[PDB]
Amino acid sequence: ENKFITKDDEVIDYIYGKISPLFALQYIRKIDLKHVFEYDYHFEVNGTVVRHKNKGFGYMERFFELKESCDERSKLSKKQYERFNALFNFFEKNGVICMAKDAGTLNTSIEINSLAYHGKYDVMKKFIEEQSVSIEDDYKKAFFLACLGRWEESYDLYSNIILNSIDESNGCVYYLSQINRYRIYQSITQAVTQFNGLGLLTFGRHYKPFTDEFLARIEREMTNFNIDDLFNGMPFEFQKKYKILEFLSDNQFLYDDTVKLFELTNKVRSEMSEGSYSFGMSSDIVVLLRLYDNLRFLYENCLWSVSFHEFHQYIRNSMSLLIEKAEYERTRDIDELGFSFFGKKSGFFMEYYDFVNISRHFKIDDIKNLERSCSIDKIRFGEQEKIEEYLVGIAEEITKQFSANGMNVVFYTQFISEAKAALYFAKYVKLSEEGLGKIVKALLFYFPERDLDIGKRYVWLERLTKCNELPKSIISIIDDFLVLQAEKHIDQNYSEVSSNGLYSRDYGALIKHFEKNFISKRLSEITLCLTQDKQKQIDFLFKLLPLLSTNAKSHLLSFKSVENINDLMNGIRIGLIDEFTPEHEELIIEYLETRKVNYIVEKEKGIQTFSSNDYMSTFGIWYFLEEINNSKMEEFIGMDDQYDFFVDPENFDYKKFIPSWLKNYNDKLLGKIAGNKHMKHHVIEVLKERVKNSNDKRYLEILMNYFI
Amino acid sequence: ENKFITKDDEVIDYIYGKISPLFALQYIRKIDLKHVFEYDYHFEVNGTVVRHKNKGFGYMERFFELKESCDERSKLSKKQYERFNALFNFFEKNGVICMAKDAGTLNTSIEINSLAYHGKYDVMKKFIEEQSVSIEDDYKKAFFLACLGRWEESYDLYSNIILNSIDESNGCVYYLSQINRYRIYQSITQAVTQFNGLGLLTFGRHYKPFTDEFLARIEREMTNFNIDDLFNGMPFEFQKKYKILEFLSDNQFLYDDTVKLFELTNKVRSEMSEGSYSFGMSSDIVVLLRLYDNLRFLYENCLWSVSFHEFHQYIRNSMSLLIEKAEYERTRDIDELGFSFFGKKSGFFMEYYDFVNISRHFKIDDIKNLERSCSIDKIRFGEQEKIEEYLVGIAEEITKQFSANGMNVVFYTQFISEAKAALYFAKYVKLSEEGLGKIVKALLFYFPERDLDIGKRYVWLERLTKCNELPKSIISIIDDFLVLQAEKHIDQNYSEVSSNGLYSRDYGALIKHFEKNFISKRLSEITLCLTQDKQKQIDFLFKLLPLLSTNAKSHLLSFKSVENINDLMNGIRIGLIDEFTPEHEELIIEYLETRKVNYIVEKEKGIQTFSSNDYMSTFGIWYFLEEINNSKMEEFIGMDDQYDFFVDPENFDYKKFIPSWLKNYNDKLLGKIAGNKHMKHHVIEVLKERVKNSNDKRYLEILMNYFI
Amino acid sequence: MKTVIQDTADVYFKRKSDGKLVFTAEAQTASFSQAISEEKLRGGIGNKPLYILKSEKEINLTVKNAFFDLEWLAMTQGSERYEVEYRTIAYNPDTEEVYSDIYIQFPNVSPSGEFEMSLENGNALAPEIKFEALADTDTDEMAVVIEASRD
Amino acid sequence: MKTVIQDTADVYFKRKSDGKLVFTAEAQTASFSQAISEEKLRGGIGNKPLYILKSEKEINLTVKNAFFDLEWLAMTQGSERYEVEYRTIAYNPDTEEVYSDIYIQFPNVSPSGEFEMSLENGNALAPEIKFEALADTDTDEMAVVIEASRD
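Chains as they are written, first to last, in my numbering: chain Z, 325 to 1032; chain F, 325 to 1032; chain H, 43 to 193; chain Y, 43 to 193.
Since the hints were made in silico from the structure, they are not lab data.
Keep in mind that a hint or two might mislead.
[What the hints assert, rightly or not] Straight line, CA to CA, 27 angstroms or less: simulated DSS-like cross-link-like pairs of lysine-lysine:
#  : chain 1 : residue 1 : chain 2 : residue 2
1  : Z       : 790       : Z       : 449
2  : F       : 702       : Z       : 669
3  : H       : 99        : Z       : 744
4  : F       : 724       : F       : 668
5  : F       : 668       : F       : 591
6  : Z       : 425       : Z       : 687
7  : F       : 840       : Y       : 90
8  : Y       : 96        : Y       : 172
9  : F       : 956       : F       : 920
10 : F       : 860       : F       : 790
11 : Z       : 867       : Z       : 884
12 : Z       : 702       : F       : 532
13 : Y       : 90        : F       : 687
14 : F       : 1012      : Z       : 1001
15 : F       : 532       : Y       : 56
16 : H       : 99        : F       : 425
17 : Z       : 790       : H       : 56
18 : Y       : 106       : F       : 532
19 : F       : 669       : F       : 762
20 : F       : 692       : F       : 425
21 : Y       : 106       : Z       : 1012
22 : Z       : 702       : Y       : 56
23 : H       : 99        : Z       : 920
24 : Z       : 567       : Z       : 464
25 : Y       : 62        : F       : 702
26 : H       : 44        : H       : 96
27 : Z       : 780       : F       : 956
28 : H       : 172       : Z       : 867
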């Protein structure tokens, strides 16, 4: 068929003949262009082309020659001239540039124009309300209905277009209309079971987003649908034009794209272990380009695979290798020419689009693995103004949904996975004043308590201040959450459940850690009106003794009482108790006798347990720091692994030492043991072994600064 | 259908109809059975089965109940009793044990019985020389020829079976032979192209293994054949029974299993950064069980897909993960629970079945990759008796091919990689005295010079001396080797080569590094008759000085290479010079002057140098430690950084310091440097920085033992 | 018969305020993952601090099952905590005989399920469900163990 | 114009004892690796000496475009160890102007490749080829480097 290609005018017709049917797409992927040309050429991910199976005239070479010849372009009739312009502007959008033999420096562009990508939820809500015009506009809306979570009318709209598609004689829409019916059906089936099985335990109720009758319809339509034969049923005319689009039927479209990451990650992992150097495009830029070759296809053309977990896998591992490659390239050695080869680097500047990439498709745990290996703080952040508009956008959307009574759970299904990682990675950026205002108002009040307990809200809110200050405006917002918490501490069964154990006192402590002389005003007002009869509020109030008026503190003097081990620790948590009276020591020993009575009882019962917040760990710490010199304490040796290491360096066994304590210890405490002569040598060895054998960088840092 | 099962014995009649047709096949991947039963049951790799799509009678759950229940077996008829035994004989050979609900402590058997895997190249020539008595033996013979590299005689026998496989009711052979035949042809395409382009200079000549007429015929038969439609063209009956092979027609099958290793690889690495544990079937044993299954199914069915690079990729990365998993399992932190659950560590034992794996599929650069990230010295190598038989299988096979005149060059590409890599991997196995005498003889004399430069050979012989001493037989092979390389060194242009710069100088060093009194009778005979006018012979054995007799020494100290600067350092390297005289020091000043004038010419031309024979680093080191008292050294400050690091440490610019040099340094120099004031206060800083940034352990050994 | 060897366990959830049982016959993945670290805190004033014991700490869990309980899952189909007990056994390596049962307990649980586990192919159930060590401010909690092998 | 950037390289491979040039030009992967090491090979000496500065050392190179040649390939169609010239261009970061070109010269070369791709699906040519830097005893070896930018 291609053995009659000899004429210059016919060449333009030939490329017109095969490439034109793909104009109905907003874009088609670069490397896949080999399918359209029957493996005639090979399209590299950079866009340039090398002869693959051509036994005749290189019709692609001629078009590139015509690109640089302004005179020859004038040797075409107005028709054929227009035929080239359609092909030409198609060749600049698609990232193809020029011939490989003539390839010099190529600076490809990257742009994802999909509104769904940019977190522009609100403008999209107006777009759907507009009247439909064209058949393609219907498909675009059939996507936007899904991204918001409205999986109900998205299917109903999808059934509408498929009936309306053929009348206009459009082929591309009909094929991509049916796939989004099966995949969204798959999104429907796994949610209903997910709601029933664990969702009943998750939200406390059997909320229903889908009407019972509608579920019966969808199963009937797609029951015997096998997605393998779908491309084999479309007619011959369709099967000749869009043979590139065939992969999207079966699930091979993410299998052909993940293996070429796995073989590629093998080389990048291999290359970081050799000290090798690579010229031109490194192995890593192929991953970055392929990620950005991929982000366009599934978002410009409005496919619904953007929420399935298989694609969340793919962005997970592509950036993970690149952030790895940004860590290793920041630290290695050379003789003379190592910098002479590519004497610069992108430094993996992480641009505005790169922040959408990880904020969306990661989970709170997955980021934490990356944080250990690759020091994200050392990587530079770009476009610190666009990145605000996404954060303020997300915070804006949180207030709309939950301040208003309406929360449509299918929206909450997707929206919360992205929203978490959005505000975890907000630390590394230098935020603006309005963003630090709105976001903190967003995280404290309306953001759900379930998904973010009162405990971990410290780990995020405090996390943002590492690279950001604490202005007066933000100080006003945080102090307000206490006022709400004061109207909350009249419950009869509240306990402030948490997986972190820092409570509403500690947020106020965060203010004072920056603004020490910030005596609270309203928390004083709540104290004075309260009386002794109702005293649940004491526990929070005395815990937030840090901030109060002098008379309000003097109110706490006659008010409140101290009789136990939490009063001692919570009172010592603020440093109010500067020393221990003999009465206080008697309370301490009273605790110990009970535990020893417990220790013998369980041992006689052959039972071993670990106390979670065992202060016996601290009781040993007091003696070692000269806090308490009581000689009666030696009667409780031998029950706790942590306790014994402190009391008796002369008669303590180092086989039971756990290497995790020397992490969890204060700057002053580690020094005193570092100064002690008895255990310095035996502490050194077990520490020495683990740095040599293991890769916990924190053990490495501790050993040099203090013990050396 | 299945819901219409009815009675007890209607189950075996149904199971027989689905699993028996596979009896023509030998070994069926435990997971591939989900296809034959229409995805009805999901097959776990651990040997259990769980219902997925079944809603009628449990034709599988009753079957295992009959397996356990004894009185029920007798209730069947003799035929049905036989039919059950026919099915029972299959599953125990597959490893599918019982149902999940009654899952006990399962110990699946892994037994690969293919003669190719054991690499007993001798027997495959014995079996083939015989007259066939079945179509089955013909095909089992057709794979043995391709393993031996015979890519031409295989094709004719591969063509024989296709014609003889039509006149009978068996599509098993027809479908498998044609897969191989196309896979011999695709190999024929690469090797011919690979031989033509780089094979002219690789081997030193052009070798045309394939005849011209055969090359024309293959390009005629296969030119109009697409493998993707092979399964579709078979009869409807074949498309029904043998659905357990349709993935195998295309190369999606290794893709679908190579992609699956990515998720587990992600999970295993994900399980590492968090320090997780694993109850039940851990994520890592899933890889261990999955790995052998892809192995035996191809080695026991003689599927030619086993010897392809894409296959090597999946098993290269799989074992790297487990050896890493073992490496992590050895260094776990232990906090409060590991001892009770895992005490007396049950390490992953490196059996014989793990040795053929690494020896065959890893390249030589790949095993070095494992070295810097896996302390593979610690791992126990059990079953050490069987390791010897395959090793002597290698050291005996190499002797045959390269002693005789005929080298089967097609075999030479698939195998020389294997023989190369195996003898590397012998330095973790205790070899007997007798078995080693065969290994050492093959490695030294007849192993070709092309793939092992004389410099690299020592590195190989030196690794076998780690796990094994020097029995007096072993020296008898090194004995003839030197007397072989020296006597060949009588032609005037027969220079040597190296990839370490070793030459024969350090072969004697290995001798005296274990022996003390070798006099090497042959060497005395050589020199006793060396008359004069043999400069190349003279200089060659001059640096073998530690291994000459007393009379040979004196006689060769006569008319010896004078003091020329190359001879000066080499004369020192044999112990001829113990102290520098002013005559010795005077020669050094020439080289310092000679290097300087070329530097001035170099600077005008803007040319730098990095020479192998750089003694500049050596001269400064001698000056630091007072070996050369000449004070003119300071005149040569500013040409090489390693020079002015040692000569003028007080004025040295430590910013230029390259921390790689410390690796070559020996403890004696690493001690004195730790004492010098002008070189202590900066070297400490660079060492701390690199250990914090990179996992170069050798820096940590340097930083701790000496600099602290 | 050559080499592998595997094991099993038992998983047992429980909602407080009443004898609410929910359980899995197995914990296959069982990604139990402790953690202990510390980054920064305290104002460093007042001369003598007299203390410093915040151990933060974090816990997780995992389980496999398709058995959510036949009766009250559907009873509520048409928040009193989820305490779970991990029970198993340990054997003496010298004799390899089952002599000890290992008990694991948690005082107050909270399932934190990422409610977007939708995938692109029909999986074999395997609803990986994750819990978290949840604790009040009263005392104790976190984790406790019980041991047999009295012999 | 958004985010990418590439550059160019070039590989020349030559045969000693003749002006022949049998190889490619344009290293796609262009991977080059150099490394130094040591061991206990000299773990014991008679002392009072000095050193040898073994360091092992090694030079591993690679190139992948193919299209070696027709004239010289045909001429060889009917063992100097070859030599290499590597040419690269360098630009001033302050001005981004082409001002410096690099010469890399390894007198001794060694062709040694893994002579079996046998890839299950046919590739688009591009036979990657690795390089080991050979060396004799006499002097220099490895490389001498030249630099432009004499502006």
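Task: Violating hint indices (sorted, rising) - done: When the structure is compared with the hints, numbers 1, 2, 4, 6, 10, 12, 13, 16, 17, 19, 20, 21, 22, 25, 26, 27, 28 turn out to be violated.
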